[PDB]
Amino acid sequence: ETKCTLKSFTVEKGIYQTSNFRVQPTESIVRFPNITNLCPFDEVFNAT
Amino acid sequence: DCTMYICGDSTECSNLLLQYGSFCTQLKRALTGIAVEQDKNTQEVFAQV
Numbered sequence: 361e362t363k364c365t366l367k368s369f370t371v372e373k374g375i376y377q378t379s380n381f382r383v384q385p386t387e388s389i390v391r392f393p394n395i396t397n398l399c400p401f402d403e404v405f406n407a408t
Numbered sequence: 078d079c080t081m082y083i084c085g086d087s088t089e090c091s092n093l094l095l096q097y098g099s100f101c102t103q104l105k106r107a108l109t110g111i112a113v114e115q116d117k118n119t120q121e122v123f124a125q126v
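Quick mapping for you: the protein sequence lines, in order, are chains F and U. So the mapping is simple: the working numbering equals the position in the first sequence, first residue as 1, plus 360. So the mapping is simple: the working numbering equals the position in the second sequence, first residue as 1, plus 77.
Straight-line distance between alpha carbons at most 20 Å, and here's what the computed EDC-like set of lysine to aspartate or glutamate pairs gives: (1) F:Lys373 to F:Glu361; (2) U:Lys105 to F:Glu361; (3) U:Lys105 to U:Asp116; (4) F:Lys373 to U:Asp116; (5) U:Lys105 to U:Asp78; (6) F:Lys367 to U:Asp78; (7) U:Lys105 to F:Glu372; (8) F:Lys373 to U:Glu114; (9) F:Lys363 to U:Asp78.
Pulled from the structure, derived: some chain F residues nowhere near chain U, Cβ distances all over 10 Å: (10) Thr362; (11) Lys363; (12) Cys364; (13) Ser368; (14) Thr370; (15) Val371; (16) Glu372; (17) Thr386; (18) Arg391; (19) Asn394; (20) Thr396; (21) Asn397; (22) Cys399; (23) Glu403; (24) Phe405.
The hints are simulated quantities; they were obtained by calculation from the structure and are not laboratory data. Note that CB positions come from ideal geometry on N, CA and C, so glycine has one too.
Sequences and hints are given; from them, build the entire structure.
Written as structure tokens, this is what we have:
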């Protein structure tokens with residue numbers, strides 16, 4: 361990794377930085393209202 | 078860091094950013110030089126014995 365970062369094949373002694381590390385998400389979620397409201401269609405189709 | 082600041086957690090944003098490339102590499106080199114000189118200042122001032 362440090363050879364890749366410095367863009368060479370030989371590196372002298374010392375400390376070298378590189379790309380950061382970041383935790384990827386385990387999975388995915390989606391959220392949306394609750395949702396209580398319902399259009400009154402059971403009354404519509406039971407109309408006498 | 079380049080990507081974390083500019084294109085945070087966005088793979089395609091990093092893909093586009095890769096076109097510039099060496100730009101932020103120069104930034105990292107400059108800041109690292111600044112930090113090393115910062116340490117050297119104290120080393121020079123206090124360590125004369």
